[PDB]
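Participant: One letter stands for each residue in the lines below.
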Amino acid sequence: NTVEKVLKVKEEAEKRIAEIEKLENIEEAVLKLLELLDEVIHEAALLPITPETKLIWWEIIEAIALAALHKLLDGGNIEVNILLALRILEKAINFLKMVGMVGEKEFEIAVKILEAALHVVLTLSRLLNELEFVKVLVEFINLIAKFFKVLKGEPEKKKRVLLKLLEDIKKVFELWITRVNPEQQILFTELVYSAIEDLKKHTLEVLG
Amino acid sequence: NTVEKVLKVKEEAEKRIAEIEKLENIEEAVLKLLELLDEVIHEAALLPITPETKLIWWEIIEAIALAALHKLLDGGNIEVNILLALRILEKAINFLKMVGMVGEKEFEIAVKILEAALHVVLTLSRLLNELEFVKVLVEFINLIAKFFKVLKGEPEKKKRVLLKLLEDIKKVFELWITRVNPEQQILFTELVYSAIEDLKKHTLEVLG
Amino acid sequence: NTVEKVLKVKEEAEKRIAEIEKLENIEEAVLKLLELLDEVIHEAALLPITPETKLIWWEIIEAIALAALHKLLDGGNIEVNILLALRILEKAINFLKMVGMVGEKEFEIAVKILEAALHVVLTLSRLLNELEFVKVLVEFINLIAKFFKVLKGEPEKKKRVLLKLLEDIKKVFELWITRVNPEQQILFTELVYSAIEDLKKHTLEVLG
Amino acid sequence: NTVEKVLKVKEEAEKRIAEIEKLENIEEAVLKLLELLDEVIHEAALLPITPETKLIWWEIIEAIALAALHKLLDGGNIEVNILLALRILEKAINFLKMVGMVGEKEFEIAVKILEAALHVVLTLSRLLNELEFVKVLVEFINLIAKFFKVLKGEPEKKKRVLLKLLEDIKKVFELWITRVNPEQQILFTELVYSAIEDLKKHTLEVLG
Amino acid sequence: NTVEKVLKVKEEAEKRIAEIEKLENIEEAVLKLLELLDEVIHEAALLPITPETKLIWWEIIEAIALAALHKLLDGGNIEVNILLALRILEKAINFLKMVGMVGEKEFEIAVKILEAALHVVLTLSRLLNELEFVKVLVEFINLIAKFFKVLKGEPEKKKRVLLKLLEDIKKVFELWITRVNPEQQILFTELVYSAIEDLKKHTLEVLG
Ligand SMILES: [Zn+2]
Ligand SMILES: [Zn+2]
Ligand SMILES: [Zn+2]
Ligand SMILES: [Zn+2]
Ligand SMILES: [Zn+2]
Ligand SMILES: [Zn+2]
Ligand SMILES: [Zn+2]
Ligand SMILES: [Zn+2]
Ligand SMILES: [Zn+2]
Ligand SMILES: [Zn+2]
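Residue numbers (our numbering), protein chains in the order written: chain A, 1 to 208; chain B, 1 to 208; chain C, 1 to 208; chain D, 1 to 208; chain E, 1 to 208.
Honestly, the hints are just simulated from the structure, not real lab data.
Just to be clear, a hint being listed does not mean it is correct.
Copies of the same chain look alike in the list, so a pair counts if it fits in one copy or across any two.
Unchecked claim - The list that follows gives simulated cross-link-like pairs (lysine to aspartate or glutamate, EDC-like), each with its CA atoms no further than 20 Å apart: (1) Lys5 x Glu24; (2) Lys91 x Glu19; (3) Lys152 x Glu35; (4) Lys22 x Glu79; (5) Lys8 x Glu35; (6) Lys201 x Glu19; (7) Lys135 x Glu104; (8) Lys158 x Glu132; (9) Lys97 x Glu132; (10) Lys105 x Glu35; (11) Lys8 x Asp74; (12) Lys200 x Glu174; (13) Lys159 x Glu35; (14) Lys135 x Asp168; (15) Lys157 x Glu27; (16) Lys91 x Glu130; (17) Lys171 x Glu21; (18) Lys164 x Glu14.
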């Protein structure tokens, strides 16, 4: 049966997650987690999707992704780690496209993954240069736009989630901007606020 | 009749624009929009131009170009996006050459395209390095000189448009220069101001 | 009986695979595996195909091909190894042609062989020059088009497999393109995206 | 017998240490000490480890490491010296991995090396910029996590050592933070306290 | 007697080594040393091997190989020198094959030759381009796999030697990777780490 295959995949994935967790070397652990995500998504693509297996696939993806993000917080190069976080998010979005329609549980899981990735990215970007920080900010805003355009749901819930993410981003940016001299302050504030407003317009038209 | 052909081209172009707008991947969307612009210009070159069809052709070009520029604001690599904006402007200038004489409506449309490209370029160049920023500035000033050399119109209107563009450039540059140490400040100020003065001279002699 | 002959061939092939695995020199090992594959295909052509023997033939082909691909990862010249991987894929496609109609198990085996070849090719192509890398990419996209044109199955499964392969290719290409200067970036991006869209068109029309 | 070989190695290492101490140029001395450490570790890996030779190997490694760290305090480029301290610590951790089980004396020696490296790193990082200082802090916290993950011992002793190291780090950080403006203060305090809490969690789970 | 012949070979080999050492031109000296190695191996193949003569043959091979490697460090073309180091290693491996069973002294000599070749290769590859450096790394990892597959010994000693070699390679690679932009960083890290994991799997299966 298909469900039996999915739970076998889940068991093997948890075993591999424990094995990687016992690897004592963070740089070679995140790559193994990414390869595990790739294998899981390949297996998911092999078999046809059904409502009962969607939740199990989402739990597998959520476990692997959260483990990988926390490992990204545990040492390495900052820019490489930010790139890896964005790539994990992109793989999640591709799986979202493949799985099609989602329910409330899948919506919650996807929002959890997005929120964890956002927190990791903000924590890591606190240590970048000015141009790199603002570039990472703009890139993540565009990624949020893509994620909300692919993911479907009731407009009110998506609006609330978007507001929460924007408040997180704004808090970090308003703390960070005080170090960049009053003219670069104006430049970066205009750029970031325009990006946020364009994001709001895009997702609000998506809601309609 | 030529007019029905041009309106059919317009209908097809709007249909393709909607299709591209629903493509969820920005990097593949700008390239498709540029390809659509190329096909539209090839069709325009195929049939001979008349006063009635000029306006319709300009609306098609305006729609495609504005969509492409806004998509350029929506994610990608900064330098590639700036190059693509300059490419869209150059295609518009080549179409202006092909058309020949331009009236008031066509002048207004072309000025709008130029202003949109300038705003996109400034917004994106805010995130570049020093040398790359100044190189982009000089390149866009030269592009403005070429655009005003090709385009014909009343000297006072062109003077007002040129002054507005120069004020935009000067505002962005005067905000940006405060971050580059007082000697590089003198170097870049000399270079940029000389470029602007040469642009003024060239366009004022173009007025004739 | 025919089935007895097929299992005799299978046993001989496994014995030869073990012998080659104990050969300690990779360049001679891949060629010996290719010769074994040729012998197996000749034997398959000699006997008439039946539904029960199709699975056994596919298992033999799968074992030999996966062993040869993993050996291709284990040392040699990069370009020769890429060519050998493509040759193994082409031999599998020719066997697919000779066999004809396939079930779900044969579909899974063929997709697994294709994915193993794709991963080997991407890994080996990371070390090529710009032009060679893009040439290998385009050649493999055309090979994927041929493979999907020859292989028959339900449109949804083929669409999912194609999407997964395209995501893999886009992953590697988007990591690689950041080293080739913002103008070659535009050139290669246009070329590769046009190739991918043409592949999508061909495959989707094949599905219908 | 292995033992007399190990004391030969010890005699040669001490002779080379004296020779390097008489070299009057600090940049060439740290590199020579690192080469000597590499040679000693190669010799150690050559022969199989025994309980009696473990102590002698640890005394040799402790002598070389302490000499190299003190030489790192005696002049050079700050960032290169911090990097070299981290690499000495990483070599000690790799030797910990190779040896395996560690007794009380080896535990004391390893903690001595770790504490010396920490004090050197804090002293040198006192002269860095804000971003570089906080990056070095986070890197060393992750290195402490790796060191405690590899090294085994009674939970209470490891807890006490961890508390001592954290008090050292916190004292230096609380002195340093008063110079970075009240908003960057909040940013860096959040980041550093989160890193310390993660370190505590990881180590305490390792103890269990 | 055979032993007398072997010591005659040794005496003339040392005489030739001194003559070559007095040659003042390194390019002609490495080729002469390689020719001397070829002559020695031909002589060794001429007479049948015995337990007593194996050690003497290994001392001759070790002397010639170490002299040739150090000369490779003393000037020439970087790529040609790396190739020549690999050829010296391959000749040593072929001699290992022809000799057969290996004791502890021969194991020690072979490991020393391998380590000398590895250090020469790392030192010379420090000055290559990105693609050439990674290609040399992958080639040497495959050569290490071949060497450990041909050479026989107790699993623990081979495991320790392999771990030391991997730490050497990782040290050089982690110093080098910081210059290649964060996306090529991910690409090369995935490639190299996968190669190292495959090497570990291969030799650990060989140990069993
Ligand atoms: Zn952690
Ligand atoms: Zn939040
Ligand atoms: Zn937008
Ligand atoms: Zn304006
Ligand atoms: Zn292998
Ligand atoms: Zn894949
Ligand atoms: Zn001192
Ligand atoms: Zn202390
Ligand atoms: Zn020399
Ligand atoms: Zn070494």
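Participant: If a hint holds in the structure, say so; if it doesn't, say that too.
Facilitator: Now for the hints, and whether the structure bears them out:
Taking the closest pair of Cα atoms, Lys5 and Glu24 never come within 20 Å of each other, the shortest separation being 31 Å inside a single copy and 32 Å across copies. Taking the shortest alpha-carbon separations for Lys91 and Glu19, neither the intra-copy value of 22 Å nor the inter-copy value of 24 Å comes in at or below 20 Å. In this homomeric assembly, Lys152 and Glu35 never come within 20 Å of each other (Cα to Cα): the closest approach is 28 Å inside a single copy and 29 Å across copies. When the C-alpha separation of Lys22 and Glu79 is checked against a cutoff of 20 Å, the pair qualifies neither within a copy, at 25 Å, nor between copies, at 31 Å.
In this assembly of identical chains, the alpha carbons of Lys8 and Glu35 lie at most 20 Å apart only when taken from the same copy (18 Å versus 37 Å across copies). In the homo-oligomer, the alpha carbons of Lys201 and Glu19 lie at most 20 Å apart only across protomers (15 Å), although the nearest pairing inside one protomer, at 45 Å, exceeds that limit. For a Cα distance limit of 20 Å, the shortest separation of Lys135 from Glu104 qualifies neither inside one copy, at 33 Å, nor across copies, at 40 Å. When the C-alpha separation of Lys158 and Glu132 is checked against a cutoff of 20 Å, the pair qualifies neither within a copy, at 29 Å, nor between copies, at 39 Å.
Proximity of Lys97 and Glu132 under a CA criterion of 20 Å is satisfied in neither setting, with 30 Å inside one chain copy and 32 Å between copies. In this homomeric assembly, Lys105 and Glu35 never come within 20 Å of each other (Cα to Cα): the closest approach is 25 Å inside a single copy and 24 Å across copies. In this assembly of identical chains, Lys8 and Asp74 lie within 20 Å of each other by CA distance neither inside one copy nor across copies; the values are 29 Å within and 31 Å between. In this assembly of identical chains, the alpha carbons of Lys200 and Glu174 lie at most 20 Å apart only when taken from the same copy (19 Å versus 27 Å across copies).
In this homomeric assembly, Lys159 and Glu35 never come within 20 Å of each other (Cα to Cα): the closest approach is 34 Å inside a single copy and 22 Å across copies. In this assembly of identical chains, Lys135 and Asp168 lie within 20 Å of each other by CA distance solely inside one copy; the values are 17 Å within and 23 Å between copies. Taking the closest pair of Cα atoms, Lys157 and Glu27 never come within 20 Å of each other, the shortest separation being 37 Å inside a single copy and 27 Å across copies. Proximity of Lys91 to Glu130 under the C-alpha cut-off of 20 Å is found in neither arrangement, the shortest distances being 28 Å within a copy and 26 Å between copies.
For the homomeric pair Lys171 and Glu21, neither the shortest alpha-carbon distance inside one copy (33 Å) nor that between copies (23 Å) is at most 20 Å. Neither within a single protomer nor between protomers do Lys164 and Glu14 lie at most 20 Å apart by alpha-carbon distance, with minima of 31 Å and 23 Å respectively.
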